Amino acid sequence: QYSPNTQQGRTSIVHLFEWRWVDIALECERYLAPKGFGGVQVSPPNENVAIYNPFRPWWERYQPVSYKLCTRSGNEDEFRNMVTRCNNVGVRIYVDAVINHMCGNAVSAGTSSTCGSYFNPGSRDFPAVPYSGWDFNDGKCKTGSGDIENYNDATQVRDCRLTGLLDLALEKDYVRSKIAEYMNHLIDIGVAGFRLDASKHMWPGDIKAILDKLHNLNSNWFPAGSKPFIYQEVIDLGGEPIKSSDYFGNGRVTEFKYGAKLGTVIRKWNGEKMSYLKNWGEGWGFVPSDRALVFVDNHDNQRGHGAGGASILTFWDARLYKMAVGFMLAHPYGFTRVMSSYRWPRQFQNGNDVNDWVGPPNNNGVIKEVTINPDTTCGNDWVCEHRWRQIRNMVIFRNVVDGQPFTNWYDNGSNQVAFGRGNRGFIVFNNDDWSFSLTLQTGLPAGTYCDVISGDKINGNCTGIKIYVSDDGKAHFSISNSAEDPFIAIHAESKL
């Protein structure tokens, strides 16, 4: 469960948040495969409640109605088509698995669901699975409200309703079987793994129990005995009874301290500075590199939704964001996930975005197609951070240097730092209020290298900055504090 199952030499996955299946299929072939992306994390493919007030929020997808593959992203055929097309070009699919709960206990019964299936939250009847009142933790929860009231109580965190969502009785073999059934349906179509939503709210053992019921990966695309990659969503900043280490037996875990700390450092808050990143990694109290899934931001926290808080860097902070994502992709710690978002009408009222619920770009609830502009960026309110030159080029950087050790670290004691990856890549950052202009040891073979942040290596030349490495691996670097992108990156494959 620890191996992502990506094609050799593909080191990252992209979250194509709320995208339609047909658009992901196209994206795999026209961009992901040619640009070296290892895989895609998709939004929950199972039927959810259609919430009309507010109007179709992104969060309605974390409120399952059934295990039917029918959502605003598309139907089963479309999902199967996408997995096929993606796998055939060597781009893997990771399904966001929503298995700790069903919908909010207070949603109205009926058929307001993405696939029209009937449901009755009130009576706990989910006839499309089916599930009944006997499959929930109602009798287990011991909180007054039936909801999680105390995060210092571990039992509570797992048997009570997270924000009122109907908590499934995961110790029951019937429940475990229904979920494994859904997951096995996905494995057979061709998925390579799963993001386990709200793992913190589930006992490690119950998760184990479900995993034991799973099939090996599709033998048409994976080697026999291949196990699905598992990464569990556990929010573990310090101090709670639940530790992320309690989930290592099941797979990797999301390292939420990563983006929270990186954000503080890049923003230069709390007396933090880039020179402190010399020992970034476990040295910072993070989980072992072999069990981490890292990222700058995720779908929840880029909304100010406190899974790292105010220090989280997002596409909204484009300059600092490219820097942070570049740092993450060059650094050997963990397995990296890149975020791809949609723009929404952010409207702050007393430090709160009143429109943090806004769903993907739509026309009366129908998700708008991902359009591609002449310059390769996207239209229709899709941000497509994965298509920003500085980001896609750093995805490539990570593939080129895979396996190379962290070396040739430099720092000015402030926010000007540089580091290499073996003899295959070198990166330099200027986050200080003055220019950087120094000759550094890069550990790279002599030559002219294209800077992949400002441009690209295209048919024997560079469209951006050219770096000259002398015979002794030294190269001069100049970076103005007012540069658009105050960082430079060169690698074995950007050399002319």
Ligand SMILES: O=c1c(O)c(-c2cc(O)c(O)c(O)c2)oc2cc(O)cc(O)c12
Contents of the next structure:
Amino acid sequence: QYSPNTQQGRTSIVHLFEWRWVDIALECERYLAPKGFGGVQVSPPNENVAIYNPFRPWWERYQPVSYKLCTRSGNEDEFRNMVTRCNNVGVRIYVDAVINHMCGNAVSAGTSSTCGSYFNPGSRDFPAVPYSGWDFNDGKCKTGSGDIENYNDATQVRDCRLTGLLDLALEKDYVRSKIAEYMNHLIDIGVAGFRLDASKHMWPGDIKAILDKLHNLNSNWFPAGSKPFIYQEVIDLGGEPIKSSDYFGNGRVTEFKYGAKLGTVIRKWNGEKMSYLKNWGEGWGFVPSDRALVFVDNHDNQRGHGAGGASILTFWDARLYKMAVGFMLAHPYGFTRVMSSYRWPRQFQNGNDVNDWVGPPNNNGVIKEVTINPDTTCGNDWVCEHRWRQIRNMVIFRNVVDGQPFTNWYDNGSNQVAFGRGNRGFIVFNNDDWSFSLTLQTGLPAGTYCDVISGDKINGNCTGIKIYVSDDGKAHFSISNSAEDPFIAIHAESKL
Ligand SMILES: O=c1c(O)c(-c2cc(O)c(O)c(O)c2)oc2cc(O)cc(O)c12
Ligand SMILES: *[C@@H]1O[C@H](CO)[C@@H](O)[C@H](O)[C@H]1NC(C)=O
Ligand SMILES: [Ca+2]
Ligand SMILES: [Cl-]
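Starting from the form solved without the ligand shown above, please give the structure in the form deposited with the ligand bound.
Full assembly next; the chain just shown is listed first.
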């Protein structure tokens, strides 16, 4: 469960948050395959509650009604078509599995669901997925409210309702089997793995029992015996009894400390500096690299009130964001997930965004298609960070330097740092309020290299900055604190 199952050489996955299946299928063919992306995390593909008070919020997708592959992203035919087309070009699909719970206990009964299935939260009746009151933790939870009230009690966090979400009795073989039936339908369709939503709210042993019921990947696309990639969404910032290490026997875990600390370092909060990143990784109290799923931001915390708070960097902070994503993609620690978002009317009121609930761009509730502009950016309010030159080229940088050691570290005692990846890549950062002009040891063979941040290598020439490495492996780097992107990256495949 620890291997991503991406093609050799492809080292990242991209979260195409709220994208429709037909648009992801096209994206796999026209961009993800040629640009070296390993795979895509898709939004929950199972039927969810259609919420209309706040109009179709993104979070309605985390309130299941059934396991039918029928959502605003598309139906089962559209989902299968996307998995087949993506797999046919070597780009994998990872499903966001919402398996800890069904919808909120106070949601009204009826057919207000993405596939019209009937459901009655009050009576614990979800007939589309034979689930009844016998399949929930109402009698197991010990809190006075029935909801999670205190994170200092690890039992309560697993057996009670997360903000009222009906909590499935995951100890029951029937419930484990209905979840495995859903996950195996997806594996047999061709998915390569899963993001296990709300993993902190599930017992490590219950997750293990479900994973033990899962098939190996579809043998028409994957080698025999390939186990699905599992990355568990566990929010562990160190202040509670639940530790993400309790989940290592099931697969990888999301390392939320990664984006939180990279955000405080790049924002320079409480005196933090990039020079402090030499020991980035386990040295900062993070999980083992081989169990980490890393990212700068995710769909939830990019809204400001999630794991990491206001320190999280997002596309809204474009300049610093590209630098954070660049550092992440250059550094060997963990398996990287790049975020791809949609723009919404962010409106801050008393320190909080009152529009953080806004769902994807839409016409009367129907998600808008992703349009591609001649300059390769996206229209219809899709941000497409994965298409930004500075991010896409760093996704390729990670591929080129795959397996290469962290070496040749340099720092000015403040925010000007640099490091290489063996003899395959080198990156330089300037987050100080002054210029960086210095000759550094790069560890790379002599020659002319194109900076893949300010430009590209096209037709044997560089469209942006050019770096000259001499026979001694040294090269001079000049980065003004007022440059569009205060960082330079060069690698074996950007060499002229
Ligand atoms: O609708 C909601 C929802 O889905 C989630 C949610 C959060 C997670 O961390 C999950 O893992 C998850 O599956 C769902 O947040 C919520 C928090 C609220 O206060 C109210 C809500 O209505 C939701
Ligand atoms: C490099 O760019 C110049 C134009 O600036 C062009 O004449 C030359 O042919 C390019 N080199 C290659 C190898 O295409
Ligand atoms: Ca639970
Ligand atoms: Cl996540």
